Structure formats: structure tokens, C-alpha cells
Amino acid sequence: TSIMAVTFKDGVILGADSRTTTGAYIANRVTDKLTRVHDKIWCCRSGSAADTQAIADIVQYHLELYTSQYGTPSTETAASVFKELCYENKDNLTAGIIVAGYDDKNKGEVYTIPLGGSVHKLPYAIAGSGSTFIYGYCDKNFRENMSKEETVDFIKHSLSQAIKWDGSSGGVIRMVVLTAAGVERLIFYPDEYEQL
Amino acid sequence: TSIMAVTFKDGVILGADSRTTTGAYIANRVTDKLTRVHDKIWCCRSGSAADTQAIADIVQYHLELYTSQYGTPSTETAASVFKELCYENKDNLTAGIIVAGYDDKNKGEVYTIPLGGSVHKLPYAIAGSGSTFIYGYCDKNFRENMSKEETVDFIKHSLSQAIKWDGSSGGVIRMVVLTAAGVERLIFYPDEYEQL
Amino acid sequence: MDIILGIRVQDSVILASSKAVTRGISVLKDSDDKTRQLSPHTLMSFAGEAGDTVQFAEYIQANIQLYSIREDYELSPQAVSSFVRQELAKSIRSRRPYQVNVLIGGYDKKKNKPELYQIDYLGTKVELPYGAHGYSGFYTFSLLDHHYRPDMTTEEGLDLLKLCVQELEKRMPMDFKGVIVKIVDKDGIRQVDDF
Amino acid sequence: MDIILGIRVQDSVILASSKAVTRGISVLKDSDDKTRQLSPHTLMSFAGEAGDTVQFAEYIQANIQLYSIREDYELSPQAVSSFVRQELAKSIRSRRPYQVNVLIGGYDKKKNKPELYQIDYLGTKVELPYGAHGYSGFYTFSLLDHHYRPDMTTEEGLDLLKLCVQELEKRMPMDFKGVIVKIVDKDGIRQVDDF
Amino acid sequence: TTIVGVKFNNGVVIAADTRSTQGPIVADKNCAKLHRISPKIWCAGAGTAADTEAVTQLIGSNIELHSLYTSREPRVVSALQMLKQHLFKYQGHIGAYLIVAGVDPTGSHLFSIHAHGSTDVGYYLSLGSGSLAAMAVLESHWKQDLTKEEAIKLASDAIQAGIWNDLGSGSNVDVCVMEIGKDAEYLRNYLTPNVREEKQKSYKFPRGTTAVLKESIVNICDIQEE
Amino acid sequence: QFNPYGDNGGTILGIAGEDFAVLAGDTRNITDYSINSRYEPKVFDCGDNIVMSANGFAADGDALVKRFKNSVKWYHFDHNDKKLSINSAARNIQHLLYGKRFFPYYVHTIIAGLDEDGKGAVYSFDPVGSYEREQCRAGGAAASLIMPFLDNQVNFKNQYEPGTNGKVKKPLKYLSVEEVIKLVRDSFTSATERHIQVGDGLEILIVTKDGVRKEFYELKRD
Amino acid sequence: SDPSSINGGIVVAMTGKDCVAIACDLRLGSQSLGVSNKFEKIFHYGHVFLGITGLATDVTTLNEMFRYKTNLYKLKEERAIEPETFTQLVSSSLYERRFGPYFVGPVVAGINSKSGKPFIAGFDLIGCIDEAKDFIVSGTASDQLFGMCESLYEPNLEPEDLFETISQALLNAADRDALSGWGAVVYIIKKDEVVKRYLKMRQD
Amino acid sequence: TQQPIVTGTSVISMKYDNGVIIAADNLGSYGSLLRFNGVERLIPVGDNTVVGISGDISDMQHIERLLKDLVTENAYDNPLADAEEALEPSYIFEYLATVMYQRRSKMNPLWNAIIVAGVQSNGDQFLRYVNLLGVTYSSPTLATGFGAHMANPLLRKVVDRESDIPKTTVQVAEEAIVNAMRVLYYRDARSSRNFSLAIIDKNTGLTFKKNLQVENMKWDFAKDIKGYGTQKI
Amino acid sequence: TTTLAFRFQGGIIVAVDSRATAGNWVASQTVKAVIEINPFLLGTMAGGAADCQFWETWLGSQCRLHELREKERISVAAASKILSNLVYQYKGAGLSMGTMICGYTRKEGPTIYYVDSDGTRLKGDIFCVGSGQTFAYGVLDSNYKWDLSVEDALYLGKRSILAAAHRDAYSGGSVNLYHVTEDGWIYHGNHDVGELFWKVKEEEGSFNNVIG
Ligand SMILES: *[C@@H](O)[C@H](CC(C)C)NC(=O)[C@H](CC(C)C)NC(=O)[C@H](CC(C)C)NC(=O)OCc1ccccc1
Ligand SMILES: *[C@@H](O)[C@H](CC(C)C)NC(=O)[C@H](CC(C)C)NC(=O)[C@H](CC(C)C)NC(=O)OCc1ccccc1
Ligand SMILES: *[C@@H](O)[C@H](CC(C)C)NC(=O)[C@H](CC(C)C)NC(=O)[C@H](CC(C)C)NC(=O)OCc1ccccc1
Ligand SMILES: *[C@@H](O)[C@H](CC(C)C)NC(=O)[C@H](CC(C)C)NC(=O)[C@H](CC(C)C)NC(=O)OCc1ccccc1
Ligand SMILES: [Cl-]
Ligand SMILES: [Cl-]
Ligand SMILES: [Mg+2]
Ligand SMILES: [Mg+2]
Ligand SMILES: [Mg+2]
Ligand SMILES: [Mg+2]
Ligand SMILES: [Mg+2]
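Residue numbers (the entry's author numbering), protein chains in the order written: chain N, 1 to 196; chain b, 1 to 196; chain J, 1 to 195; chain X, 1 to 195; chain H, 1 to 226; chain Z, 1 to 222; chain I, 1 to 204; chain a, 1 to 233; chain Y, 1 to 212.
Chain N on its own, in the form it takes in the complex:
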């Protein structure tokens, strides 16, 4: 799995591959790892599919109930709910989640939640087995306050390499753009990103 979230001038973009594996068999080649916990708060999932689905379902429930009582939650609040589940159930969970969202006050924010259940707010984040191969590339090529088109190219190129080297990563590159304008879904097929 190769997943990443990147903040930019107008907001934040989430990116992911579409491969799900059982050992070396690809159980699903068109998986959607970019999942919605609120209108403009999404997450990237890595690790156990069952665990991350169960967690995301619970978080969506908590934020739906939060919204009914207290209005729209912050991205920090969403990350806290993820953390509370991941930290308190660390013995029984295998979930690596990246939380990303857009406020009008705080703009684009990214929080990463690794295995332990710790929280780390970052300008951008990478995770999944395929992330290991792009630590160098992403550190060298990331800039703050990029444009939408520049950020899409950054994610596309980064995940392209992650897919190239990681057997557990592959398929299409899905992306979700989060701005004041709304929510845009993007997709990029092998013929496009392999030749980069």
C-alpha cells in the first residue's frame, strides 16, 4: 500500500494506490483506500483492511453525532477520535491512518497516525509499505504552498515510484482534492503514470 496526503496553497490532497493483497495474490486491484469520515475530512488507510474499515466506520459515526450536537468538527478533532481508537486498542489493531481535512479557518491540515497510536501534525505525510521507497524523493521535492497542479504532479510522481518498487502497491492512483471549492475525485491509470 502506498498512501500520502499533501497540504498546498488552496487546501489538501489525499492520494493512494488501489491494491489489496493476500500474500502475493491481489484480492482486489481496484480498491478505494481514500475514505470519507466527514464532508471535508477524509482519511488514507493502510494495514489491515478489516481494522481500518471498522475504525473509519466508528469515526464517521462519532463525527456525525458530533456535527448533530456541536456543528462541523475540526480536522484536529477527527484525528483525536482516530487516535483514541488506535491508542487504546493498540494491542489488537494493525492500522496506519493518515487524516486530512479542510477548514476555512485552518485551511488544509494533515495528521498521521502510525501503529502505536501517536499523532503527528505535518505539512505532508506518507505511509504504507510502499512509502519506504519514496522518503528520499518526497523530502527532496516537497515545497510548501504549491499549486493544485504542482501538488497533483508531486503525488502522481511519488506514488508512481512507490508502485514501481513495492509489490504490495499497484493498480490505479486515486486522489481526492479538498478545497473551499468542494470535493474533487481524480483517477490516473497505469498507461499514464508508468511512463513518467
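Just so you know, these hints were derived from the structure itself, not from any lab. Among these hints, one or two may not hold up.
Examples of chain H residues toward chain Z, derived with CB under 8 Å [said to hold, decoys possible]: (1) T21; (2) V26; (3) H93; (4) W164; (5) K204.
Don't be surprised by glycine CBs; every beta carbon is placed ideally from N, CA and C.
Knowing the structure of chain N, use the given hints to seat chains b, J, X, H, Z, I, a and Y with the ligands on it.
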């Protein structure tokens, strides 16, 4: 450990970090992992320090005896001797070696020899625990027939990132240039390569 | 503990049980009675893990004695055996199971028939003409298969039992220090003091 | 096998050894002689793993008999015991060691003295007034500590040995089917046929 | 086992083989792996047979009660959600691997469920030991905008691939078609390509061949009057 | 850790007649739940009117058959082209198997032919060389399904003559080659139904004084 | 160690023309030791017959349990339970012990009193139903029984013919199993008469 | 006893009317890392045989050397080395099969699965399999690793039995092989898009095709797939 | 497997069962657990079928070589010791053998040696070996005497195996009888337990727990 060898227009350059570890303790921070088996055939060592030293010592012996009988050996020949040792003693060895050399007929050549004892001739090669983090960077930035200055910058930038992310890698960046002109040793200190 | 035997003849049930108690390297006692009277016409012998055996037997004894007082009536051997089986069948799926095997010898005063039941620690019940637990049956069942009849007298049953004990004393490695023999018939329970 | 005892009195050495051979659940034999005559005035009893015991004893016997023929002379008990110890000390660091414990009872015709040596499978030799291997010593050494004298007669030694066997028959769990007793003195080796 | 699911123009089809095994032994040659959760929601199960049955009946029971409570026809996402939350709770110890399909007021749907509680969405899916043989066929012949007749063909061909090439699968092909605005048609033994040939010999015995010790009438009736 | 053994499935069957002998076996070869081949011969003509099959781990089976065929060749060289009798072949195979007692050939071996009196003969082996002449023997994966059927239909076990009620047994009348092949075909048809490793095809080798004949029959391919 | 093969035993059931047959061996043992040759494994609740193989304590326990449940069923429903319904009750009862199961292999047999239709069914130790038309097998010699039944069985056999087929299937399967045998019983079941026959077999 | 380090995945093959086809991708994996992207795993021997090898690459390179040495050795004192006494597929296979079983018997195996594809002197098609255990078998279609589970089912639809071989042309057979390679790229997590394919025909000889790519892939339907159940956006 | 052998007035009786198993699966009911090494020597087979078969037919080759070299029949003591010394060499390797070497010579008389894969070698009057040995011992010990007729001794051995065949699950099939005398051994037939059991039950009045 982060080691790499890169062919370019005028020949080949070997590169390495200088860190040797016992768990988390750095037993040696100024190690020389670029070792000489012949005048213009060198190797990069990764894995067990004992195993790779023992192997390199044996290869140097074999090539010294080869030279006395049959004249200067090819880089392919040197790689074959490494392979024979690594393959036939695979059960008892932990050695990841990159062989690099310069002929006048064949020019710069690079052979990588991973754990199994297989041989792979490549335009450039990377190895060691720190190589995992620069597969993406190196694939995107490598070009054939680079200049000496471009190749030094490529290795410097690549190993800089490998050192940044890998705990087992660090110290100075050592490099060895192999051309028709001769053998040049280079060194780059933390203050220089960290700010890249 | 070690060896417990049972044989049902014409008009009685005979139970034989070893006297030895061995805790490791030493024989601590050579006169131990591995049996409890559940009711006037029902006797239960037992063998298994230390502590559990006596604890289980006395627990069963208490329950049957309670039933007898409450109803002013003696339960049939078949009824007692079923109660015992259920307790062991319950026990096997507990946190710490009773590691006890039993023989239940009784005389049914209603049907005027002796009855012998063999039950293991899992709660496996079988009615038999003759039975045993542990390694005892491996030696004794061949003799009983040959010599046994349904119409044997009590004296003939004791003679056939002597032949079983003699074989055990010859071929078994452990010294079980002889057996205490008890007879169950229409007149109740009595001990054969010379065997 | 199981129990082997030894006692050195005034003018002789007495060795007692069990008769039982138990292979698992069954007692296959009750008249087994766990000893070999090494020379006219030297006897060795043995106990350990099946097969190894007899194989080792007969191997030692053959070697001493070879020495006797070659030199036309009987080795002293001390010399025989040292030879045996070395073989076991060699054996313990082999591919598959001899798992055998022995007692060597001999009468030295030169010094006119009885001698008893106890050697275990590691090659640990000790000269003793009385000795045992396995669990036998745990019961018998307390009796021997009390009753033993250096000036005892052979008849007194046999009586003290009977007291040891009686204690073993009372407190040991395994039925070892009695013992074969053999006396070693100036006149040679003889077996006590009634014990 | 080989089970598949295939989406088409106006609905969804699922299919399954009919072999049940105990190690290398065939326990049942004509097993029914196509279960009904509700009238227009059917699922196919692989893995532990008792688990797939039990978990299907439980959720199907609760779905019926839910449908009565809400006065609405049941939805596939409801069955999906209830199944995954049940299976997740038991941490994979309930060995049920399901393909859930159906039509409802929202439209036609097709999902898979893994024993640990993960779900996946797709136009074509396969589960079981013969899933690789089936998926090879699906990946070779599947296209967008399939007709009902094309989807049934593709589904049964995918099951056949499992029947012939996978030892865990065999015997017959069951199918269930769930089209929008129609009753779901359950096609039990849609294909029967594995009929046993006539035996060479009859093994009917002469009467009296078996030795008997005792005969007796068994009283199955109740206690009688008079 | 490396496991030097495997299981290629399959099932074999040998029946001895009055003046003939058959050795049958399915043609399916497998690993785990996959089929390797639908037609991979398992029963072999080894020369001297002897047929052989080594069922179980195919690499060990092929090796053993290869070595026995070799043994027959050298028996002719060393002993003036003398015919290797079925009993002599059996003893030779024991030594081949026991020679690897501490790293066994993981196979169930069966051979068939005619004895020196011309009567039908079948010999059966375990993996480490114990052997025994038999009238009837099935080996391999579905041996447990087939043998009881053969006890009943070949040796007439548990069968008695009507009217006598258990007093008089069914007489042991001899079976023809046509009658035996029927039992073989029914055995493998039944085994194919209930055992997943059995199927695809059935190849029978019949041995008479005239030589070695072959017959092939299709089996279910699921 | 393996609970399903400590005591040993087998059960087999078959359908015929307007009839069903169910049969079992009589052995109970403690591994190698034979203990009893009178341990019947077939029980009946009204006109519904149940055979149970496996761990003997659980065989006894389940019989007592299903007697309990069918007796209450009859009092409340005012009618005897049918084979199809009883089959579901067994499945329910076994699955409630999913993670602490009874180590058994049950087999249901009987004729529906209303429709007259012959019915057999089998289960695993945790509830899975195997509703076969032809035959059901269970026990330590299940492989052997599968081989006998598959070859000997033909559909629509008359009661007296069906008796011969099932008896031979059991006997020859039991003789190839160490933990089965020591006697055998066969029930022939018609809509309103049931015959029970004890078979003579080898006692080793 | 060892463990495989750098590995190669599926090798697939089938017979057709006038010969045999064999194929394998150009990847050398290092666990989950797709390390080496230019590895040739089909190795021709003469003009009548191609050996396809999967599993450990270091052991493959060893086998490659044995075959190279075999050709050299066969030519020694052999005037008919390029004619009647040339190496046959059956000879090359039996040699390898001997080596594999010997190595397993010393508890030091060559961690590979091998398929020898070729055409004999008399024009007969040869196709046989051997692996680290020394296990051998032949079939109209043969495949290793994941190919066994996914390719064989597809190739067996073309040639289900022996009688289907004369009815199968080279165009139909190559089409089936190329399709199977696409399916493996979809579903094998250790496969690559790049592969090599070899045809050995009794008339046209050995045709070795390099640098082939999986094409005509279906991915467009992915855009419609959203969430894992209930999600709509 | 169940095997026995005992000394008496008329020589030696040897009796064995005929069952072979692989777990609970009955592999064979017709195996020869007795091997005739020579007209005067018999060997019983218990434990591993192959180990016993192979090394006892090998033993016969060694005994034949002995009488070729020494122009004299081999003693039972020497024959038994060849086998015991052989298996002792393989001790630890995993051989599984429990055998009785039975014979009669002039110097020894009737002799029985128990030989074991552990290396044990015992001389004795009565031995029972196998999984059903305890059942056979019961009948033997209660009915054994030195003064038995060849007819009565043969029956006792036959009956003792039957007792074990009945109770021991891994014993059964049929009974093979041998009688060893001054003039060599004499085979006394194969007796199917399926027929012998019912015969003995009826005639002897035993096995009253079973119904027939
Ligand atoms: C990549 O990280 C990807 C992201 C998911 C959110 C889709 N993860 C997987 O593909 C994942 C990798 C394994 C090593 C954890 N695979 C699975 O979770 C797999 C999916 C099912 C549908 C087969 N499930 C699985 O293997 O179940 C067992 C299990 C359960 C919990 C943790 C590990 C393994
Ligand atoms: C980085 O790969 C570096 C390259 C060497 C050629 C210098 N390797 C190490 O630092 C190496 C890493 C460990 C995990 C193998 N460390 C050692 O080899 C270490 C050096 C000594 C001086 C402490 N040796 C060591 O830990 O000895 C035990 C041992 C032996 C063989 C294989 C692993 C470990
Ligand atoms: C094919 O995948 C098929 C799907 C079912 C829904 C029919 N699976 C089986 O047939 C399955 C084989 C494997 C996957 C378990 N068989 C069983 O589960 C089997 C069915 C009955 C006929 C016995 N049950 C079984 O073997 O029970 C033993 C057992 C014990 C404990 C836990 C699980 C199973
Ligand atoms: C009774 O003791 C009998 C005596 C012989 C003369 C037949 N022995 C056995 O029945 C014995 C049971 C022991 C090992 C528990 N069975 C065998 O030795 C058996 C014989 C065959 C013919 C059934 N062989 C056996 O169990 O397999 C050996 C094996 C199995 C698997 C792999 C390697 C070797
Ligand atoms: Cl997912
Ligand atoms: Cl170093
Ligand atoms: Mg990839
Ligand atoms: Mg009991
Ligand atoms: Mg089949
Ligand atoms: Mg039996
Ligand atoms: Mg028996």
C-alpha cells in the same frame, strides 16, 4: 549502511557512508566500506563486516594471483570470483557486495551481488539498509553518460537522503572515482551534505 | 490412585480396590480404603488424581445422603449412576475438571438384581458384568472373558477375583499392597476382612 | 534395571541385585541375574538403560578374561575398578554413551581384604564399606549408617542385608521381585540360593 | 469452493459450485451454497460451512425484523453492515467468506465479505479455493454493459473453471439472478456436467445373505388405550 | 525449513486372477488443490512380464521404478538372461526400499505378474520394504475407500448362502478377467466420486502368459 | 488425544422406496482397549431416529439433551416432531457451542408422517447440515463407509433389499477399522412399522 | 537447506499443432521489493529447446551455467553435434531432473521450478516440468507458481486434452499465452508488465521474442468504484 | 500384533495374530508374524513390519553361513545374539523390534530368547510381546504347566491369542500356530478369528459378555 556505484562517461564512481553499528551503538563512525581488490577494481561492502572483509581479502588474493599469471583481470572476472564465494557459501554468509571497475576496452562497469549469490550487471546499483529509502530518488534522477561532477552530485544527494532516514547509515560520505586518469578518493563531511 | 476392579454375579456386586498410596518415591500408606458408601445398598470405588478423588467421592456421598433424607427413600443404582455421570460430564468442560474415574456397585431392591456401572472422568457410563479402570483391565478382562458366568455365586466371584489379583501381582510393575474387597447384596454392604 | 546393593564386611563382600525385568507395562521376567563374574575373586553387578547394561558388562568381562589368560594372573579389585572407571569416563564423552551404573565387589588375595567399589555412568569411582545405585540408597543408607561395623561376620552382613530388602519391599512403589544375593570371599564367588 | 458474482445492465447474478469436502473426502456432491438473506438479497458462502449458514440465517432473521419495523424492503448495505460488524467482533474465528448481492429501492449491488470483517465493492468478484481459476475467466471475458444472458454465461463459465481445475470444487453449477423490478430467480442445478456413468455391475444381494442373531419389532407408537 | 517430501496423490489397485493379474491406477497427478496433469502414467511395464507402480511422492516413485528397471537389466547381464521371477523381484525391491530405511522412499509400491506355476500374483510393499503376497490390494489416497469393497466382492467377506442364515459361507468361486476389470472400473468410479485426488483417467495393465496388454478408460475430470 | 477417535464407532443411514434405514456398530473403547460391546449409538424420539458417533460422554449427553427438548416440544406443540424440524434443532443446538463444541457426528433418519417422504441428514460437530438424497455416513470408518455406500447403493430399493445393502456397507467398513465393530444393529423404518435387527459379525 | 532470496515468478507454456510456446516475465524480486527489472528467465539451448525457470535466481544462474557447459561438452569429439547427435529437449530435461532429485536427496536443493519446452528430432512436441523436489510431470499445458492456479485454467480451455493439439494453431496458442500473462499482471503481486516469449516450431524453428509488454488492459471501470460499501462520494 | 511363545514338556508352542495397522486403519489381516528361519528355528515379529522382516530373513542368511562354516547347526543362543548385536549397532537410529527367537538343539533343549531393538536379550520360559501382550499373559499364566500335552498346549496358545484379538483393537485377523520339537517345527494351520471366536464361545462356554 548505504552504498552505491554509478557508471558515467569517463568511468565509474563508488560511494558509501562510514557507519558501523552493534545494535544501536555506533562501533565505528569513520569506517571505510570502499575496498580495493585490484588497482582499478573496487567494491562496496554491506552486511556482516567480518564476512565481507574475509571475502574481499580472498578476492584480492585471487586477483593478485590471476594478474601474476594472466595479466590484468576484467571487472566481470572479479565479479565472478565474488559470486563464487557468495553463492557456494550462501548458508554461512551475510554479505551484500557491489563490484565496480574500469577497463580501457569495457570502460566503467558495475555488478551487484545480493544475499543469494546472484550476479546482476547494471548501469548503476544501490545496496545496504539505507538503499530502500532512495530507490525512488535514484530511479528518477539517474541518467546515462553523466559527467564526473554530475555523478558526484548524484551520489552525494542520494547517500545524503539514505543517511537522513536510515539509523544504520551515517558519518562521512566516502567516494572513489575510477577513470583512465587514475584513482581519486573523495570525502564529504556532515556540514556539507546535510544542508543539501 | 491405581487399581480398582468390579464384578457382578448372580445375587451381588463385588468391588476390589488397592490399599497403597504412593506420593512420588515413597509409599506413604498401605491400608487406604478407596471407596465411599453412597447409600445402604450402593457403593462407589474411585481412582484418579490426588485430592480430587476423595473430594469428589465425599461430594457425591453428601448429595445422595441429602436425597435420602429429603425423600425418605433410597435411589436406584441406575439413578445414582446417572447423577454421578452428569456431574462428571459437567466437570469435563469446567475451569479445572475432576480427574476421577469411578465404579458404582449397587443392589436394586425393586428389581432384586445386582448392578455394576463403570464411569470415567469424561462422564462415559457403561453397565457391565465386570469392569475396571486404568491399566487393570488390560490384564484382568481376558481372565474374566474366559471364566465369568451370569449365574455365578458370591464365593465363585471371590475366587475369580483372587485369580485376577494374582495375575496383577505377577505382571504389574507397581506394588499396590493388596486390595480391600467389599460385597454389595440384598442385605447391604460388608467387607471381606481376609483376602 | 532397578535395585543393586553392596556391603563389605570383615572377610567378604556381599552383592544383592533385583530379579525383575520390566519393559513398560509388563514384567517380562522375575528371575534375572544382573551380574557377571569378571574373575574368580571379582564380581560386578549393574543397572541402567536396557541393552547397554548387558552389552557393557559382557564387554568388561571379556577384557578382564583376556588379561587373565595373557598374564596368567588375576588383577586386583582396585585394578579392575580403575579399568572399568576409565571405560565409563571415556564413554561419557562419546557419540552415544553407555548408560550403566555398576558395583564391583572383590576379594584381594594379596592383602587378604574384601573391597567394594561404586562407579556411576559418568565414571565416578568411590571405595565404600557399603554402597548402592539409583533410589536404593535413599532408603538403605540410613539403616547401614546405624547397624554397620567393619568387624561384622558374613552371617551378620546377610541379616543386615535382609533388613535393607525388607525396608525396600515396604516403602518402594515398584515390585522388584526380590533379590539374588552373591558372596565374594577368599574361596571365590557363591550364590545364596535361599533369600 | 468456487463462488462468483457478476453485475449486469439491470441487475446482478451470483453463482456457485455444489461440492462440500472434509479434507480430501467429498461429504456432499450436491451442496447448496446459495443462501437467501431476504427475497431479493442472496449470498454465496465459502469457508467453514456451519459458519456461513449460521451467520446468514442470523443476519437474514434480523433483516426480516428490520424490514417489518421500518415498513421498507431490505437493503444490501444493511445486510453488508450487519455481517461485517458481526464478523469483526469475532476476530476471524467465524470462518465465513461471503459474496453478497441483491436489488433494493436504491438499485443493484454486489459486495464481498472477508472473515475478519473487511468488505469490497466490485462489478465482478470471486471467492473460495477456486477463486483464482474463476477470476482468470472473469478477467479475460468481463466487459462493461453486459446483458442478463451474457452475465449468466460469464458467471457459470467462471464456476466451471473452478469445477474442472480446482480439487476443492466440483459437481454442478447453481445460479441466482436478481434483476431490478423483477422477482429473483433461483436456478438450482443450472448446469449438470458431472453425472456418474452407469456401473458395470449390480451389487444387489440375494435375500438372506447377511447373518442375523435377533429380530424384534420396535415400538415407535405412543402408549395405547384399553 | 526445507521439506524433502511431497504428496502427488493418485490411487492404485492390483488384483490376482487364476491365470492372470491386473495392476490399475488413475492418471491424475496433483499438488495440494491443483492438477499438474490429467494424464501422467503411473503403472509401468518393467520387463519379464512384471508390472509395477510406486504411489505417493512421485519423485521417489519414479526413482524407485527407474532403479528396479535397472535391476532387471543387470539381472539379465549377471545371470545369463535368466527370467526374473515375481518372487525374486519382490525380494529385490525390499532391499531397494530398506536401503533407504533412514531416509525412506515415501511410496506405496505394488507389483503384479505370474508366479512360476503360471498363477496370478500380486505383491504389496510399505515404504521401508516390508512385503507380502496378496490376492487383492489397493494403494494410495483412496485405498481406504476401495479395499473394503474388494474384501466384500472379491473374497466374499460377510456374505453367506441364503436359507442357511450365517451357517454356510458363500463359496470362493474364481473370477475371470472380464469380471475383474468390471470390479476395477467400479472401484475407481466410486473412488472418483468421493475422493478429490482421484479422477481424469484410468489405465489398466493386464498380465497373462501371452504378455502385457493395456486398457484405458475415462474418469470424471472435476 | 483427538476426542473424536478415543472411543471409536460408526453410523450409516440410507433411503429406499417408501422407507429409510439407519445402522451402527456396538463398540465402546478406551483407545486400544475394548470396554463394551453393548454401546448402542442410535436413539429415537417418536418416529425420528438419531445416530451419534464420536466422544461417548457427548453421545450420552446429547441423547439426554434431545430427549429433553423433544419431550417439551411434544407437550407444547401437541404432536411428535418431524425429521426436517428435528434436523434444524440439532443444528441450532450444536452451533450454540461453536467455540466449545460437542465432539460428535450426528445422523438423522426418519419418514415424514404427513407427506410420507423418506428423509436422512448428517452434520459436522458444530452444526453444518448435509441433507443427502442417497446416504449419510459418520464415525472413525467414514472413509470406508463412503467407499462401500458409493459402490453398493442404488436408488428405490425395497425394505428387505435395502437391509442387505446397508448391512454389508457397515460390516465391511467396520472390519477395516480397528476402533469399530464388536457387534452391529440395523433399523429398517417404514411409515408405520420399524424392525430392529442385530447382525452377527467378527468379534475382533 | 536454505531460503530463496532473489526470486522469479510464474513460467507458463502450452503445446500446439506444430510445436510449443513458453513465456515468463523479466522480474527478479527481493521479497516485496521489485528489485531487478531486466532479468531473462527463458534460456534457449540450441535451436530446438527453451528452458523456463522460476524461483531462486542465484540457483537459476547456476543452472544456466550447467546448460551452457552441457552444450560445450556435447560438442567434444562429436562431428554430428549440429545434426544427428545434437542435444534434444528430452536429454536436457532428464539431465536437469537428475540434478534436481540428487540435490533434494542431499537436503540442499536448487530452489526452482523448471519447464523444458522444445521439439524433438522426429517433430514431436516436448513439454515437461521439474522442481526442487525432483517431481516431474507432462501435460498439454504447464505452468509454475501463480500460473498453475490462473494460467492453466485459461490454456486448458484451448487444449483440454491430447486430441485438441492438432486442432490448435500457433496464432490461437500465442493469443492464449499473451492473455494469460495479462491476467497474471492483474493478479500476481510479484509480476511485471515486461516479459519474454519463445516459440519452437517444427517448421519455422525457434522464434525468441524479447521486450514484450502487457497491453489492452481494462482499468476504466475503477473510476466508478467508491468506498468499501456505503460511501457514495 | 500379539505374539507369544512358551516352553513345556513337548517342546515349544509359538502363536501369533495376523493384523497390521497404520493408525486406526487396518492395512492387512493376513500377515505372517512368524518367520521360519530354518527347519529348527522360528522368529516372531512385533513392532515395525519392515525392520522385523528384513533383519530376520537376514538372520537366516547368517545362520545358514554359520552351519556352512562350522558343519553344525547354530545354537539358539548364538542366533539370537547375532540379531541382538546387530540391532545394538543401530541403537538410537529408530529401529522398532520385539522378537522371540525360538528353537531346539541337543545341547540346549527347547530355548526361547526375547530380543529387542533397545538391545535387550533375555532367556526365558514364557514371553508375550505386542500391543495385546497383557491380554495373552492373563490366560497363559493361569493355565500354564510344564506337564501339558502337545494338543492342550497348542490350544492354550491359540486361546491366548484369541483373548488378545478380542480385546486389543490392534490385534486380530487370524491365528497361526507352530509347535517346535526335538525333530524341528510343525505348522498347525491358519485359524480365522471370525470363525474361531464363535466356535470357542459355544464349546468352551466362555465369552458370556458377548451375545451370539
Ligand atoms: C496495503 O497496506 C493494504 C491497505 C488496505 C487498507 C487495503 N493492505 C492490505 O492489502 C492488507 C495487507 C496485509 C499484510 C495486512 N491485506 C489485508 O488486510 C487482507 C485483505 C483481505 C480482503 C484478504 N486481509 C488479510 O490478509 O486478513 C488477515 C489479516 C488480518 C489482520 C491483519 C493482517 C492480516
Ligand atoms: C552496514 O550494512 C554495515 C556495513 C559493514 C560492512 C561495515 N554493517 C554493519 O554495521 C553490521 C550490521 C549488522 C546488523 C550485521 N555490523 C556488524 O557487522 C558488526 C560490526 C562489529 C565490529 C560490531 N558485527 C556484529 O554485529 O557481529 C555479529 C554479526 C555477525 C555476522 C552477521 C551479523 C551480526
Ligand atoms: C468450499 O470453500 C466450501 C464452502 C462451504 C460453504 C460448503 N467449504 C467447505 O466445504 C469446507 C472446507 C474448508 C474450507 C473448511 N468444509 C467444511 O467446513 C466442512 C463441511 C461439512 C460437510 C463437514 N466441515 C468440516 O470439515 O467440519 C470440521 C470443522 C471443525 C472445526 C472447524 C471447522 C470445521
Ligand atoms: C504388529 O506389531 C505388527 C507386526 C508386523 C509383523 C505386521 N506391526 C504393525 O502393525 C506396525 C504398527 C506399529 C508401527 C505401530 N505397522 C507397521 O509397521 C506398518 C505395516 C504396514 C504393512 C501397514 N507400516 C507402517 O506403519 O508404515 C511405515 C511408514 C509409514 C510412513 C512413512 C514411513 C514409514
Ligand atoms: Cl479496503
Ligand atoms: Cl568494515
Ligand atoms: Mg507494483
Ligand atoms: Mg469408561
Ligand atoms: Mg474426482
Ligand atoms: Mg475392527
Ligand atoms: Mg481386536
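Do the hints match the structure? See the list:
With a cut of 8 Å, the hint placing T21/H at the interface with chain Z holds, because the nearest CB-to-CB distance is about 6 Å. The interface hint given for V26/H holds, since its Cβ lies 5 Å from the closest Cβ of chain Z, which is under the 8 Å cut-off. Nearest Cβ of chain Z to the Cβ of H93/H: about 23 Å, over the 8 Å cut. The hint is violated. The beta carbon of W164/H comes within 6 Å of a beta carbon in chain Z, closer than 8 Å, and the hint placing it at the interface holds.
Because the closest C-beta pair between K204/H and chain Z is about 12 Å apart, greater than 8 Å, the hint is violated.
The structure is inconsistent with the numbered hints 3, 5, although it conforms to all the rest.
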